[PDB]
Amino acid sequence: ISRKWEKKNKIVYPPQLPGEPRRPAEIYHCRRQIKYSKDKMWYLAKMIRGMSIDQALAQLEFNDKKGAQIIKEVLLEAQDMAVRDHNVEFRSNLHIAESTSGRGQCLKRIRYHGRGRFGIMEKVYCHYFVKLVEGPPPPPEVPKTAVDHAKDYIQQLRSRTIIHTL
Amino acid sequence: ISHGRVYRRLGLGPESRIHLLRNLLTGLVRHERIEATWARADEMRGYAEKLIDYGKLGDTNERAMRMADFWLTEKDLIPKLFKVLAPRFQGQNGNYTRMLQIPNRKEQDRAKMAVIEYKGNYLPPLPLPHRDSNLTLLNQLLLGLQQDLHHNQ
Amino acid sequence: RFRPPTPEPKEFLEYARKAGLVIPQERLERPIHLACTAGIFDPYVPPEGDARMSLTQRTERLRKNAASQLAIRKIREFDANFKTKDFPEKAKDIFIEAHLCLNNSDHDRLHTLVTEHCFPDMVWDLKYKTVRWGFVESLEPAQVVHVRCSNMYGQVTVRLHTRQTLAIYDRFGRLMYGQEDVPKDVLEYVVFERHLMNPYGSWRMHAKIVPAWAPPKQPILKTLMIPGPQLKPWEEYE
Amino acid sequence: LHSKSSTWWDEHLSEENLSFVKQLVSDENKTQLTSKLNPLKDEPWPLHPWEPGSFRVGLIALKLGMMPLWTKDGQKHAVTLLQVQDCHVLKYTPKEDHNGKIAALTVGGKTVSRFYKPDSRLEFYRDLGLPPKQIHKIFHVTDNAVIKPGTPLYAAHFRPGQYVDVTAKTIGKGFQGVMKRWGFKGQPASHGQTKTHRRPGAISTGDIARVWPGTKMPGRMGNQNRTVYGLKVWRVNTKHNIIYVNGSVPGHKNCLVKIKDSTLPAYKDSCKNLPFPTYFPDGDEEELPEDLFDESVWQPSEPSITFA
Amino acid sequence: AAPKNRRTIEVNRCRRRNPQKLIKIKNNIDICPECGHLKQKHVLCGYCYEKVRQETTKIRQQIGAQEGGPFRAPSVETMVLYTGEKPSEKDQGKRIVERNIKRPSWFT
Amino acid sequence: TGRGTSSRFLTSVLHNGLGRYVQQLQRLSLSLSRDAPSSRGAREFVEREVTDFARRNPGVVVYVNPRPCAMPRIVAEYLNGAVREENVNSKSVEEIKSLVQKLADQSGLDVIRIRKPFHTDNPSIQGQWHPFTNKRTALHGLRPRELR
Amino acid sequence: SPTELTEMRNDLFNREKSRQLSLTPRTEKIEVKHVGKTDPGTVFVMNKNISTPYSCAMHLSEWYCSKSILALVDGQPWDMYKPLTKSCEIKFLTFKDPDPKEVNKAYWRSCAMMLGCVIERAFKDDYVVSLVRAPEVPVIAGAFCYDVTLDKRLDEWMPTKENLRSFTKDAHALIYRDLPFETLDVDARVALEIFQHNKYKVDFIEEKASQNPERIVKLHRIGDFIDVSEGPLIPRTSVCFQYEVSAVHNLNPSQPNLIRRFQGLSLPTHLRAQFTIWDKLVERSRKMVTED
RNA sequence: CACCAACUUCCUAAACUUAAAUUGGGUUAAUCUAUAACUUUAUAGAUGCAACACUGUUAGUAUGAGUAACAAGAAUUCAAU
Ligand SMILES: [Mg+2]
Ligand SMILES: [Mg+2]
Ligand SMILES: [Mg+2]
Ligand SMILES: [Mg+2]
Ligand SMILES: [Mg+2]
Ligand SMILES: [Mg+2]
Ligand SMILES: [Mg+2]
Ligand SMILES: [Mg+2]
Ligand SMILES: [Mg+2]
Ligand SMILES: [Mg+2]
Ligand SMILES: [Mg+2]
Ligand SMILES: [Mg+2]
Ligand SMILES: [Mg+2]
Ligand SMILES: [Mg+2]
Ligand SMILES: [Mg+2]
Ligand SMILES: [Mg+2]
Ligand SMILES: [Mg+2]
Ligand SMILES: [Zn+2]
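Residue numbers (the entry's author numbering), protein chains in the order written: chain T, 41 to 206; chain O, 9 to 161; chain d, 43 to 51, 57 to 101, 114 to 209, 216 to 303; chain E, 41 to 348; chain 0, 78 to 185; chain b, 2 to 149; chain 7, 33 to 324.
Honestly, the hints are just simulated from the structure, not real lab data. Among these hints, one or two may not hold up.
Chain 0 side only, calculated, beta carbon under 7 Å to chain T, not exhaustive [to be verified]:
id, residue
1, 100
2, 106
3, 115
Virtual Cβ for every residue (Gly too), placed ideally from N, Cα, C.
When you get a sec, could you build the whole thing from the sequences and use the hints?
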């Protein structure tokens, strides 16, 4: 196995100088060996990416999937330790920087078939990972405007050179 | 093509549909507030409304008695329908049942649920959706418009 | 064909907790060894007004010699060199040096400068933190204030009035409790101890006594929320 | 949450204001619709005379249903009832902008509520000073037959004896098979047929190694725009604005349809007799009878037919 | 019919990460004014409703004890009274259910 | 391998030939074993050829380090900052002598695909071609079909 | 030049913030208890003269941050961004409370204050614009009003339909900026200096200073713009969603100085109005509003 | 009244002249032993001495696929009615 995610919480940075931007706090949390498919868990983990802590919890509370309840519990555990252990002043001042699903250690069983034949069943397990960063969620991406697109086209033209000559 | 058909397909078939709704109706009459799936509660609401109409017809009506006998499997409820529920709803012309949606069932099937009740029952009041007060900003502006329009002809 | 289902057996506790088990208590064949004793034999009550004094106390101890000096005799009986005249200075050396370890986090040295009742009360709440403690001049000289003795332990409470600086930080270097560099004057009572019997026993810092009449300490910079009672639907607030 | 939220007209209204807004919105519908009742006295556009080859505007109507009808010869004709309902002219383009040879007029009928509509549609009608309409449609109109926007149209715009074309969306049949969608024969019930009764047979030939585009396959059936050509007008009810059209019309009851003069070769220039720009009741040149009939029609209240 | 070729992760990643297959975000989530817990706009609060039903179960328990057996439903109206309350004139001739607890604030 | 590798253009470190030619190689490090069969040839290089190379190149600092060693190695450092290392294991004097001279003549520039054999900073003397060159003007600059 | 006035006024505003902020030494903890219906019994220990009611809402959850427009600190409405001074009881008010009178007034004042800012910068620097007062009108009146005295050269000029439309285009640009409503309680001495040129403001300042036992006056700043206030204001300019400058009416008895009142209507994000309902309410907001 | 074009040939540097079963010869990866070397080497002596392919063997993990398929009568006061 490998369990690096837990140790990411033990990094100690040196004291910051007075004339330096305040470093945002970072919290890493995971749940190992969830009886759930990592593929099915991906959709839940994907959905809350980039959302704030309260926004993510609202979306999870009204979802009908099993993993939705599991991810909610991990987020609450992560939220509490951030205030309790990582000197996060405000509970609400958190957003989901990273959230992903990983394969776990599964089991092999037999699924019976009609004619004295069988197949290899897999009892799937998964991991869930999150990193929470203090501060408001980063602003959403803005689509490129028509003028923005046109300028890139002109830059593409201006980069041209005479090819295969002095 | 199921255009114009006013019934859901429930249970094991047409007879099974009636018996399933019949049991829900019998529970509603006894308890006056029932939890069921939204689709089934919606299907049973129509029979809940019409049953009260038959009770209004009167005890001496033979058609009402036969209909009440069929639908109420527990026969102690027949006096209740004619002597309790029907007297309660004498004033109303309709809309005896109040049906609302409650959170999804937390039982791994995540069914859509509803609470169906007869109006005027003795149970604790349901937490109904309550509209905003006239004191809110939008309502006051609308209230201001109403006063001017009526007063100025 | 197939492979067999081996059940494939900080883990034994869960194993036996789920299964349940009769854990009969066991008599330890070797007695556990204690080099210090939790608590203070007699908690010295600091006289009111002992602070804000800008030797009289030492005279009071001379009066309490009836219940204290006899203990000193025992301290001499096992060492014969413990003199309260010179001890004050040595006490400061431990205190100052011990606190300095925290800056480096040389937990190795601390174990040789503090007892097993002070190390857990000096480092436990500093893991994943970077303290910065510096000693400014001492306002007045240290003085012994209370000597007690009980296998056989002796405790010599010392009174110190000094000026210090503390600048604890988080994992991320952010300031959490204190001013980067500003002296503040502190009057704290320290309780040293020693294991008289052991040939390799010396004087180490055991605990500190906090007078009730002490001023409140500086508060943390951050703002806290104290949650109110959490109520299930049955319950109602009161 | 500092995020998107949903709202609807009723969310923030109180119990009293709920009724007030309903009455107000319905009040506005009344005043706006009575402002446009008099086109000819509101700067009507110049009225050109009819010339050969002209095409005039058409109407949008609602489908009421069907009923029987008889002629003086005793024949029975099943007829469909179309009601012209809140039909106004909405927009005008010139020949150039429409890109056709001919110009375009957009008409609209069956006023609807204003509460679940996009802001764009509401602004379009607020400029025109009309309550919103259920549907827009485009009619090809020659320059002589142009009518100013905001002009109401009425069932009297048509007269018994003219032939008309109706286009509407057909009844939807959902996803269907191949037998009910294209009338394929299918396969036998018995004699060894295994799991193939209503199935398509061979898609194509083995050589082309593909399926031709446009091959008929199972799919969604109905809900398509279709047109019926050459339907006679038997009678018009001026009081209720009802048109009696021979035979069947595509769509379900209460479906909106597009009514315009027939484009078949025979009735090429039959709109000479009909009101050329449109029928103006505000002009009041002569007051029409409540019911207009075609000569062959046997009217009820007449003596029983005796083919003497 | 069996696959003629294994499907690549690049083809599969397009299928299962298509927007049609992703979880849709909800805009209908709001707070209950009374309890401060989350709810959807068109559904009742699951926390306030939980209070009502727990009280309802208690009342229905008391009704069963009074009846003592099946097929004992009254032919007269029912009413619920809490400690410190006595039947009024309008309450005459109606089955009375008595509850030890004080009248709940919401219950009127 | 061209698409699988990087490329650059022809260049010189500091316009090496314009004003004065400067030798790019600036340091050679040779580590040897007093007694090791693999380092025999390198040992003879020190005995015979190292001093003559050092004199010919006075801007190259040469370091010879006899030490208990398993492979003799040559490290060459250049002014532009490139560092090159060579295994000298079991090489004759002729091979090591040949290799050392190649390092001196080279520049620190990476030996990767060079896009063009030539390079100029002033490609044009008479003016670079643009579409208007070889187009005759018109009276009043009238564009085609313009009435005026 | 108008730019000089804005620069000088801003400096004094910035200077006053530092002066009062410096006056409070160290960090002092204050017990503020949550007395609201939801999450009752919570106690926030906060830093005296630094923490604000918004910071208290930050602890609980983001819902309080979005939905709380004002708070009752010991029974009085407090600006969400106004620093707390002592241990107290706090309750959060939203637009949808059963008795939003306090919130309605605070929103109504803020919309008028924004209306003043847009007007002053709309007109050309050649002409002179003098703001006189922000009248206190009930929400039932149908529109918020701001009184302005313009230049004599414009006395015969009335804004056209597009002129009022442009005035609204800028308001929907102040909203997009999402500017916080800064708050200061300042002594009369500083307030008069910041508003020395405007005689109308000076007398207004005198009335407010007279009312209170001290000479403390309430100053609020939106970006560069600064103004006196009748009371608390909305946290940010992003609360507004719908805004409209409706009608300009010139007060008839205005011979010595032609004082023109510009009216407007707005609705918050939380209480939005349908397309038709907005129309009717705006049309009813184009009629002269008397002050009662 | 010609141009273009296959290292066919010339040119700078070099090189010395044509499917594949089979045949002659020159080196070499790895590991062990002898004697040395001492950040991983040299000369010898050895060998289970080198795998993109046997519907190879074992194990692991994909694809098909989150697909085919699988399951608990109803209400309530819930080893209950
Ligand atoms: Mg078998
Ligand atoms: Mg498988
Ligand atoms: Mg259908
Ligand atoms: Mg249907
Ligand atoms: Mg057949
Ligand atoms: Mg068959
Ligand atoms: Mg082909
Ligand atoms: Mg593709
Ligand atoms: Mg050749
Ligand atoms: Mg070959
Ligand atoms: Mg082998
Ligand atoms: Mg291999
Ligand atoms: Mg194969
Ligand atoms: Mg193989
Ligand atoms: Mg798979
Ligand atoms: Mg498939
Ligand atoms: Mg299936
Ligand atoms: Zn609630």
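Right, here's what the structure says about each hint:
1. 100: holds (4 Å)
2. 106: Where the cut-off is 7 Å and the nearest Cβ of chain T is about 5 Å from residue 106 (chain 0), the hint holds.
3. 115: Cβ of residue 115 (chain 0) sits 6 Å from chain T, so the hint holds.
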